[PDB]
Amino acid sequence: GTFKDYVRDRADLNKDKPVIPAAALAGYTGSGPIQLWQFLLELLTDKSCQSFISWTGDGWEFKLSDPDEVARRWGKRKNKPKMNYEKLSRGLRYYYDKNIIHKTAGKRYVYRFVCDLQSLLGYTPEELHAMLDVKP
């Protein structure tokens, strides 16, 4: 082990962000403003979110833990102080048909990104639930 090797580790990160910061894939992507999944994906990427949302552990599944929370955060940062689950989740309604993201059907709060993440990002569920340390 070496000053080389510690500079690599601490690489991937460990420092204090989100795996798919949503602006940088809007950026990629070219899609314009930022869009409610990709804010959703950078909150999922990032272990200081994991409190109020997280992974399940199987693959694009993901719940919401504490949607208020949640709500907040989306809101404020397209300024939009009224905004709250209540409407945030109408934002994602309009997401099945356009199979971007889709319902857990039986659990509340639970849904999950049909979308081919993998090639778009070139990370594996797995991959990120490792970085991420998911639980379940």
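Numbering follows the first chain given and starts at 1. Just so we're on the same page, rigid core means the largest C-alpha set that superposes within 1.5 Å between forms. Compared with the form deposited in another entry:
Once the two forms are fitted on their rigid core, between the two forms the CA displacement reaches 2 Å or more only for 13 among 24, 120, 114, 13.
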Given for the second form:
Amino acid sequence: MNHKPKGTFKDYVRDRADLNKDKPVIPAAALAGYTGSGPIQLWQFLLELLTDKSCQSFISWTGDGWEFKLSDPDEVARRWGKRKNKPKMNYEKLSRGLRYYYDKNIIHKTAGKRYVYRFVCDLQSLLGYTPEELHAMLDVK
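And the form deposited in another entry, for comparison with the form deposited in one PDB entry?
Next up is only this chain, free of partner chains and other molecules.
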């Protein structure tokens, strides 16, 4: 409905694409649609970030199966808040959300480490991808 001194939407999309954004292997919205889970849930959002090459500086696979690390916990929480429109979201609430998945055997925390968790549900059968395959697509060593 209006233009800025510099940069159209086409430019915006191209610039983000060049930064490897907007192409997660496992988009949360699509995954929620596939499972009919309704509104996006935290574990699905984490999978989207983990399969989005542009997010590797703040959340990444460790290379061991479905183990991952929140390199920058605050940034993960900020993005979750933005996606769900929850401005009060912070690491505190994020971590509580992660601990909630323990009992449900969806995500577990790695002992002896900090900020390292692991999906423990059968994502291979759900997604159709092995961790090794995703690591390869995302250049994880």
